[PDB]
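In structure tokens, one chain follows: the form deposited in one PDB entry.
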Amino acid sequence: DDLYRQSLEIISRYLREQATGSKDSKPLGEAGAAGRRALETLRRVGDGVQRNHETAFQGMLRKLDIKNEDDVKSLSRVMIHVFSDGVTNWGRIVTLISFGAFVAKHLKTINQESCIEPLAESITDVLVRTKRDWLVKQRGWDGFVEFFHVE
């Protein structure tokens, strides 16, 4: 499942660097150039979403009270509910990833960095395994980069 592996690599890398505050120079292994531009786009757009909704996100995280690995399945349930109206678009997708990055920052703060990888896999699972055909029709991460292109 190349699409899952590529997607996990991008989302995992973004959540990791957000939680640590450091952009890893390690090259993308399973993303093939398109992933590099996607991560670059996700940094710009994902960071802006977090700045726009930081206080809202804090309240959501508090209500969810995610403290360990078995709580990540609540973010999975939330994402399923988001898409339950049958609508899919990149704004929704990148808002969920950005909330994921916000949660990862919190997990690192409370010495729960081990939960960041399972969090990323949970997010990628919903995206790729329930929205596969839509992603493929958008040409995957290339469509993501094009959609958020800055003039």
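Numbering follows the first chain given and starts at 1. Only residues modelled in both forms are compared. The term rigid core refers to the maximal set of C-alpha atoms that superpose within 1.5 Å between the two forms. Compared with the form deposited in another entry:
Just one residue from the list 119, 66, 97, 49 crosses the 2 Å line for C-alpha shift between these two forms on a rigid core fit, and it is 66. Fitting the two forms on their rigid core shows CA movement of 2 Å or more between these two forms over runs of at least three residues at 66 to 70, 112 to 115.
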Given for the second form:
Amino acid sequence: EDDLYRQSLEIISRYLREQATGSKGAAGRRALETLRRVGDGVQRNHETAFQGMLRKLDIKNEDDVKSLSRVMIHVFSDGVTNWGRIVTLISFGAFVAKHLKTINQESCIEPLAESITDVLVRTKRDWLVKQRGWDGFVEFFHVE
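For the form deposited in another entry instead of the form deposited in one PDB entry, what are the coordinates?
Only a single chain is listed, so you will not see partners or other molecules.
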């Protein structure tokens, strides 16, 4: 029933699977392309930091898919919402998804994608709607 939820899950799960495996509507297409360009950039620029992060989380938890969602909740806990945060969290999700596949090629990224989508859509719904959803995301990052 939830259009925004399904759309978001489609985009985020597709990105995480592409990233984890390394192989590949119109609004969704543009969003995914933007996510690829910006997200691959976050991962390139912050690879060292991301590597440092995932280990710490692993020592405390891993095993629980919910590890990432809590990190997301903490990021947003100062009451600020922006697309930089949203794309950075998705990018870190892709980094974690890559790691999970590296350990086990039959790992599924779907629970991770759902976790990320749940936080964004359920807890930031009206912000997303006001900001024109995934269309706004594309327009925020488009340069030329």
